[PDB]
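Using the sequences and the hints, build the whole thing.
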Amino acid sequence: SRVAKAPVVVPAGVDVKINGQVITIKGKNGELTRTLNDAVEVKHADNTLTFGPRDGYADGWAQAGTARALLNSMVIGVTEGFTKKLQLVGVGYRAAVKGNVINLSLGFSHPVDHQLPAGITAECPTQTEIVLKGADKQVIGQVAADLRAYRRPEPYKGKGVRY
Amino acid sequence: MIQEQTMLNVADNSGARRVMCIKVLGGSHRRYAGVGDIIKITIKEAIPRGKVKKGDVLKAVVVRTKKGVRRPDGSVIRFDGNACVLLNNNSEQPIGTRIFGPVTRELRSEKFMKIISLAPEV
Amino acid sequence: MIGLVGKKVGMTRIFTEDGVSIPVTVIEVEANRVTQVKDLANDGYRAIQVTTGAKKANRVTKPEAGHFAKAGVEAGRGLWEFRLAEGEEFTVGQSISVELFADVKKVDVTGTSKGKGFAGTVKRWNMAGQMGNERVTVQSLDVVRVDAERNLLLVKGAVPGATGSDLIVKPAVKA
RNA sequence: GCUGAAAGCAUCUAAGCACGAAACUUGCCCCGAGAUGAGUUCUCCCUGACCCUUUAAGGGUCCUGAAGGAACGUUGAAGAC
RNA sequence: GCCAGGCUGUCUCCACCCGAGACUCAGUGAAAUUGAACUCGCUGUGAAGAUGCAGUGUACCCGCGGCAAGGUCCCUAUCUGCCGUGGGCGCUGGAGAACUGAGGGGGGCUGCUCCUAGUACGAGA
RNA sequence: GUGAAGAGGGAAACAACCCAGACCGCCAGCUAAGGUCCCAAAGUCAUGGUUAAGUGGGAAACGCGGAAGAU
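Chains as they are written, first to last, in full-length UniProt numbering: chain V, 2 to 164; chain D, 1 to 122; chain R, 1 to 126, 161 to 209.
Be careful, since some hints might not be right.
The list that follows gives simulated cross-link-like pairs (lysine-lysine, DSBU-like), each with its CA atoms no further than 35 Å apart [what the hints assert, rightly or not]:
1. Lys114(R) <-> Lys66(D)
2. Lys190(R) <-> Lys123(R)
3. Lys190(R) <-> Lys66(D)
4. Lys123(R) <-> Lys67(D)
5. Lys23(D) <-> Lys123(R)
6. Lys67(D) <-> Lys56(R)
7. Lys116(R) <-> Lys67(D)
8. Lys190(R) <-> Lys67(D)
9. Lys123(R) <-> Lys106(R)
Selected chain D positions facing chain R (Cβ under 7 Å, derived; list incomplete) [unchecked claim]:
10. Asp56
11. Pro72
12. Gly74
Just so you know, these hints were derived from the structure itself, not from any lab. Even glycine gets a Cβ: it sits at the ideal position worked out from N, Cα and C.
Written out as structure tokens, the structure is:
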């Protein structure tokens with residue numbers, strides 16, 4: 002409700018198209034599409050994006066707020082992108098990266114390899130530091146969570162992969 | 001080989017003369033025991049100060065089998081009777097430093113590296 | 001690589017240089033002629049129907065004679081199926097040698113065990163039944179020796195069937 | 001568990017939205033189209049004549065007897081039969 | 001009346017063989033019972049565990065071989081159910097072969113050592 | 001009151017539960033209890049409300065819970 006009443010400013014270089022309930026956003030990073038719930042109406046609102054709950058839906062306000070938050074995140078991603086940093090605390094924890102696969106060794110007898118979804122770039126300024134760049138917050142977050150799940154932050158030394 | 005209530009000979013200077021099997025280990029609800037298997041035996045006759053007294057319960061291993069045992073090359077080395085040497089759960093090193101009769105070459109196990117030295121007759 | 005049908009001949013132990021003689025069963029695998037190809041378009045699935053051996057002129061029924069003539073293969077004493085590995089089909093009239101098993105090291109042997117007489121109630125149910167002459171596949175058998183110029187296969191262990199019994203050897207899919 | 005409020009905090013879920021226990025099923029192999037829902041593929045054989053009726057999933061007569069099977073013998077590592 | 005010892009498949013585990021039955025061939029051939037039987041499972045009720053009453057599922061018809069759930073430790077294993085294998089029949093002119101497969105069946109156990117490693121963690125243990 | 005000595009319909013079956021006392025017959029119609037999605041004959045019928053859990057299609061005392069029922 003309160004969050005919904007907040008049009009999000011779209012900077013230059015970002016194109017927004019409202020095809021019925023579908024929202025298609027384009028920017029420097031690349032294409033993005035997202036089918037929006039029918040309980041909220043979204044208009045172009047040049048330089049902004051106004052959300053209005055549809056009459057007859059009790060959950061309209063929360064749906065509109067969530068849609069506004071998602072559209073704002075997508076706009077911020079396409080315009081500049083999203084960056085995440087992960088540290089590996091512990092002796093012998095390597096974060097070798099090659100191609101579209103991240104290889105890690107966190108005390109397991111076998112390497113743990115995670116596939117990188119398309120549009121996600123992995124870099125290693127330091128061997129123990131891994132940085133992910135992606136246009137969509139969801140994809141980068143999911144890959145980071147998958148990497149973190151391999152070795153949970155150990156609650157006696159705080160080892161493993163941490164944000 | 002061994003079965004229930006088997007009669008085993010003695011191949012050590014521990015003083016045992018007649019040893020009789022009571023239980024079979026090396027597998028739950030196991031039927032028989034082999035040469036390279038641990039068996040449960042007790043003593044029936046002992047010298048005046050034999051290391052084993054009647055009713056004793058301690059492990060043992062068969063060194064010679066009346067039924068005979070096989071080899072990868074088809075050898076079926078067999079002996080006139082069943083010979084067994086007593087072992088203890090702790091301090092596996094048997095008291096007897098002398099073994100009667102020859103021994104086969106299957107005693108190369110981790111714990112049987114100290115018995116191959118004995119038994120000069122092969 | 002693909003299943004081949006052969007005939008059991010005997011079993012022995014092949015004495016190795018290190019005195020580790022291994023039980024080997026002997027299969028004679030003549031060059032099996034692919035009689036027909038079963039494809040998705042016609043037969044609904046990928047496979048090959050193959051034969052082997054020779055049939056007496058009187059033993060070959062005219063329908064079978066025409067089937068072999070269409071297949072362009074010598075009339076073999078039996079016909080069998082072999083599911084393909086979704087790699088590629090074979091051509092009609094193609095003879096398959098034993099080189100395919102020369103680089104497998106793991107095969108499964110399917111065959112009919114030696115028949116046994118009347119298996120009474122105690123032997124079957126512990161009504162009466164029977165044992166043997168049942169097509170069963172023993173898995174995880176490694177080929178010991180392969181001789182293509184002699185069509186000889188030695189497989190570890192034992193396989194169902196007596197001397198002269200027909201059997202099949204397939205890639206060891208299960209491990 | 002990535003962003004995340006409604007309810008300026010928080011939360012496994014309300015929107016976007018991910019892994020995962022030997023627990024269950026395929027996957028391992030055997031029988032299996034009497035599966036009457038009676039299934040799919042390959043091959044082979046028959047290419048005659050006449051008469052009658054209640055004139056049609058009709059009947060009868062002469063010739064023909066294809067492939068296959070069974071009939072019998074040798075019999076089997078097939079079987080009580 | 002008791003003890004010690006040797007002594008055999010009584011057993012772990014039973015495996016094969018020898019003679020009569022058990023099965024077929026040609027002939028003899030009686031029985032207890034019998035109201036008649038086109039004699040299925042499960043759920044529910046019933047003078048109270050239903051082959052026969054209400055609901056539901058499966059099953060082509062008929063034979064050959066028996067385990068027996070139905071101190072004479074009695075009462076043809078007659079008949080229900082039970083697996084294997086056969087005779088007849090249809091898959092639509094007939095026949096010989098190779099099979100997909102709706103479904104059903106079997107089992108899915110577990111100890112030790114070796115590298116990781118005397119490693120992460122852990123003040124140390 | 002019923003059975004005993006009353007058939008028949010309904011309650012899925014059922015003798016004591018509801019309706020209902022069979023002279024015989026005719027391929028007609030109207031009712032009693034019970035039903036009007038079907039099996040199985042009838043409204044997938046009109047209006048005012050409860051029901052989000054298959055409670056209906058089994059359950060007390062007690063603060064919607066209590067609630068666990070027969071191959």
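TODO: Sort out whether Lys66(D) lies within 35 Å of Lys114(R), counting only the CA atoms.
DONE: The hint holds at about 34 Å.
Open item on the list: Between the alpha carbons of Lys190(R) and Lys123(R), is the straight-line distance 35 Å or under?
Closed with: Holds, at about 29 Å.
TODO: Measure nothing beyond the straight line between the CA atoms of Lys23(D) and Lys123(R); if it is 35 Å or shorter, mark the hint as holding.
DONE: Distance of about 31 Å is within 35 Å: holds.
Open item on the list: Tell me if the interface restraint on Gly74(D) is satisfied: Cβ within less than 7 Å of some Cβ in chain R.
Closed with: holds, 6 Å
Task: Satisfaction of hint between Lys67(D) and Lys190(R), Cα-Cα up to 35 Å - done: holds, 26 Å
TODO: Could you check if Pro72(D) really has its C-beta closer than 7 Å to a C-beta on chain R?
DONE: Because about 4 Å separates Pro72(D) from the closest Cβ in chain R, which is inside the 7 Å limit, the hint holds.
TODO: Compare the distance between the alpha carbons of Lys116(R) and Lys67(D) with 35 Å, and conclude whether the hinted pair is satisfied.
DONE: holds, 30 Å
Task: Residue hint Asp56(D), partner chain R, criterion CB-CB below 7 Å - done: Given a least distance of 40 Å, the restraint on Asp56(D) is violated.
Open item on the list: Check the hint pairing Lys67(D) with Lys56(R) against an upper bound of 35 Å on the C-alpha distance.
Closed with: violated, 53 Å
Task: Distance restraint between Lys123(R) and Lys106(R), which requires alpha-carbon spacing of 35 Å or less - done: With Cα atoms ~34 Å apart, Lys123(R) and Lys106(R) stay inside 35 Å; holds.
Task: Pairwise hint evaluation, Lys66(D) against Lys190(R), where the allowed Cα distance is 35 Å at most - done: Measuring from Cα to Cα gives roughly 30 Å; hence the hint holds.
Task: Proposed proximity, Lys67(D) with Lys123(R) (alpha carbon, max 35 Å) - done: holds, 29 Å
When the structure is compared with the earlier hints, violations turn up for hints 6 and 10 and for no others.
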